[PDB]
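Visitor: The lines below spell out each chain.
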Amino acid sequence: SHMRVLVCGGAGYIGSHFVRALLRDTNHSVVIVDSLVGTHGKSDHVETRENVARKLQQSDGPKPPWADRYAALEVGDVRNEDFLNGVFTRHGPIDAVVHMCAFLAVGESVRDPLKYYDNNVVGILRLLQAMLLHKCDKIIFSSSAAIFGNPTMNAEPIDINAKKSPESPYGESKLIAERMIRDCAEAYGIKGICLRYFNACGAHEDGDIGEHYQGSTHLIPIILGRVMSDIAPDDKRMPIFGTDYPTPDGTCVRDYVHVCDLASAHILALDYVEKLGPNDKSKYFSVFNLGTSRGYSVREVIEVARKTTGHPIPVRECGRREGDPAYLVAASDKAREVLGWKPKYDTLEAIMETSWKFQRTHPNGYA
Amino acid sequence: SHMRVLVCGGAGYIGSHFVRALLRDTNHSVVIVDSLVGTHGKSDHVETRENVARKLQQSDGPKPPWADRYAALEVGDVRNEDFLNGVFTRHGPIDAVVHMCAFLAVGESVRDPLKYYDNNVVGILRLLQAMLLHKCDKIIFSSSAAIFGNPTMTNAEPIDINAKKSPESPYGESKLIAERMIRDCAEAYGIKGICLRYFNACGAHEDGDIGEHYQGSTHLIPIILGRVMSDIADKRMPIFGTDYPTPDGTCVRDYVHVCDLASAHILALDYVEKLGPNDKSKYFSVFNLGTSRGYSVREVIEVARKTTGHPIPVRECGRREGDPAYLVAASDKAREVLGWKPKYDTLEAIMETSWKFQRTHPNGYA
Ligand SMILES: NC(=O)c1ccc[n+]([C@@H]2O[C@H](COP(=O)([O-])OP(=O)(O)OC[C@H]3O[C@@H](n4cnc5c(N)ncnc54)[C@H](O)[C@@H]3O)[C@@H](O)[C@H]2O)c1
Ligand SMILES: NC(=O)c1ccc[n+]([C@@H]2O[C@H](COP(=O)([O-])OP(=O)(O)OC[C@H]3O[C@@H](n4cnc5c(N)ncnc54)[C@H](O)[C@@H]3O)[C@@H](O)[C@H]2O)c1
Ligand SMILES: O=c1ccn([C@@H]2O[C@H](COP(=O)(O)OP(=O)(O)O)[C@@H](O)[C@H]2O)c(=O)[nH]1
Ligand SMILES: O=c1ccn([C@@H]2O[C@H](COP(=O)(O)OP(=O)(O)O)[C@@H](O)[C@H]2O)c(=O)[nH]1
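Residue numbers (the entry's author numbering), protein chains in the order written: chain A, -1 to 151, 157 to 237, 249 to 381; chain B, -1 to 151, 156 to 235, 249 to 381.
Isolated chain A (complex conformation):
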């Protein structure tokens, strides 16, 4: 069911996996708008017309059914209202917006709130205003488990409607965005879906795209980066942020969901909003928690990395990183029931293997 999709932040980690799924599993037209602030100012990995061509060229073998599928790339900031307007006009009519751009280092948001409120909140504001101006009535928003925080001061899978008590400015910025999108449904008829990803991880089976460790603030990429340093010719120990949490082993528990499963959820979300009609209205705004429903502590994740890489990965216990909730695991019944979401990755072992395959073949990232 062809549809022209505008993917903000599409050159990023999760965005690249979503775009690839759009290009290989759908007939939608893809337009990416990214400032490249989260990609070191480069876009060699983006599946533009030229990049896709070079890939099919440099390599030999049966031409894939998606060999001619590519996305357009518009480089700029979504807060630059002029730039944004030009993108909607030149690539219009835009049927749906998938808003993935943001700053997402929870620890950094606590130290520099304004950087996060500006980019995260003003960014979604500008998109919503552009959608209204250009008659676009469908949006899929990248939310987070960070909107939940710790229980109001049993730890079990978090439901979509659990209380929202953000433990960081990052979480607050995602939460206000959901409120804004919700209010636009009632006021302007904008159909929106907020997908709360939990801990995104893994890499596409092809092993060519993923989250490089250099400059990363996330657990697994950092662990694998320590291995990339243990592999190199002779403190390289793996830092554990906080061991005094209200969890079984004292370290934070998270739900690691594969980026390819997150990608398929967006395709299902797009089909859902596209089928909504005027009688649905109460269904114009919906939220879904995306996770495997299984949790792993920081210690357990490191142990899986050790068994996946075959390396020692010496650790070192440190103090808590401000902004971190003790436990964040997802209950995804709504996503499974309503969207028909069917995650292919369940164990961290299989996920970790795809992350390692990508990292171990990219000592310098995409560079």
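Source of the hints: derived by calculation from the structure; they are not laboratory data.
Mixed in with the good hints there might be a few duds.
To be verified - Which residues of chain A face chain B? A partial, calculated answer using Cβ under 8 Å:
1) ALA19
2) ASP110
3) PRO172
We put the CB at the ideal spot given by N, CA and C, even for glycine.
Position chain B with the ligands against the provided structure of chain A, taking the given hints into account.
Guide: This is chain B with the ligands only, laid out in the frame that chain A set:
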């Protein structure tokens, strides 16, 4: 305590009363920044150097202690970076910011959320960024009872500062996010902030020269008094919703005089100015400002009838979306910590000042 104060939205209804209190009851320097979007693009009422000299000229009798006091006026949008930065630079150093600008029609925020999220949220964001850039560490923010919304399922009692926040409108959401942004700036940059939740602002300065004119107003009392004016200077007074979970079915509110709100800001300014390195836990504070008395829409109209002597015919209508059923304030902390002492209690006295201003201003300030 000679402090230079930047008052955003200072040309407005509540801002004008706060500025007058600053000029007559303090020795602070006042700089007003306002786009005049809420004042019909005019500022004849603002107590600038010129406007104040005209009052003096027309006045007969000995000069008051505050005869020559005036405020500077910078006309522009706080969301305009170049403009805001220029104001901080030319009038600097700015010691404290009193952020009063915003759009505040609860009913309109439900119909047009983006207009409110933009102005209300981006406005406070720019001010906080400017404060950081220009080394300003003190801010007093105009919050609202709208951040509370309805109670989660009893006994309807005055609302405590830490009651659950369940905004019933985008307007309430915009005020709430501003409080969380200010709070996070305390922890991160050492910015000392106070969020004053005004409840239903009403009344007018005893002088009878400034207030909220009915033409273009979305608020209850100004609209009621406007119905009295139109008849003299349907045409029936509309009651929005009569099926609310209240004693008489209409919304209950806490009407607090703008002059009492003004004195609370002066007390708030003193509170943040006295904060030091040891008072980290006090860098972010919130206070609910109300009389603790509630009046339903029916009761307010009843008071207006007696105050004006006009029949004020009515027509019951449906609910205005975005309205909580009950909003009355418990002001224990404001009284205990700031030493706030409201001079107006009952609505009769308040209504009297509102009527005095309106009846003498058939065309507003025009
Ligand atoms: N990574 C996770 O575990 C996780 C979990 C929950 C939610 N999320 C959310 O998913 C989205 C994507 O995350 P990611 O891991 O792919 O991160 P990422 O940084 O790789 O992707 C974000 C992309 O957005 C771009 N961007 C940022 N601000 C922009 C702006 N103002 N204008 C244009 N482009 C801009 C960046 O250049 C980057 O390419 C974000 O909204 C993030 O908050 C991520
Ligand atoms: N009136 C009430 O009952 C009430 C209750 C609770 C909270 N508040 C808050 O108190 C404050 C003042 O309310 P008021 O009744 O005096 O309203 P008002 O409209 O008279 O005052 C607001 C002033 O801010 C200005 N303004 C708006 N956006 C601006 C911008 N972007 N840049 C520069 N100036 C801008 C307007 O021109 C206006 O002069 C607002 O923040 C309002 O939300 C009012
Ligand atoms: O070097 C690191 C990086 C992260 N973490 C922890 O691993 C968990 C996941 O952190 P991440 O930044 O990868 O994602 P988040 O849960 O903040 O969205 C959290 O408890 C972090 O404190 C850690 O112990 N050491
Ligand atoms: O013409 C009007 C205007 C307002 N109201 C009601 O009076 C109460 C106060 O409304 P207002 O806009 O003056 O202030 P708010 O409580 O929204 O901050 C609310 O229940 C309104 O619905 C009314 O019944 N008729």
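Visitor: Give a verdict on every hint.
Guide: Going through the hints against the structure:
About 31 Å separates the beta-carbon of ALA19 (chain A) from the nearest beta-carbon of chain B, more than 8 Å, and the hint is not met. With its C-beta approaching chain B no nearer than about 7 Å, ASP110 (chain A) sits inside the 8 Å limit, and its interface hint holds. Given hint, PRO172 (chain A) at the interface with chain B, holds; its Cβ is 5 Å from that chain's nearest Cβ, closer than 8 Å.
Hint 1 from the earlier list is the only one contradicted by this structure; the remaining hints agree with it.
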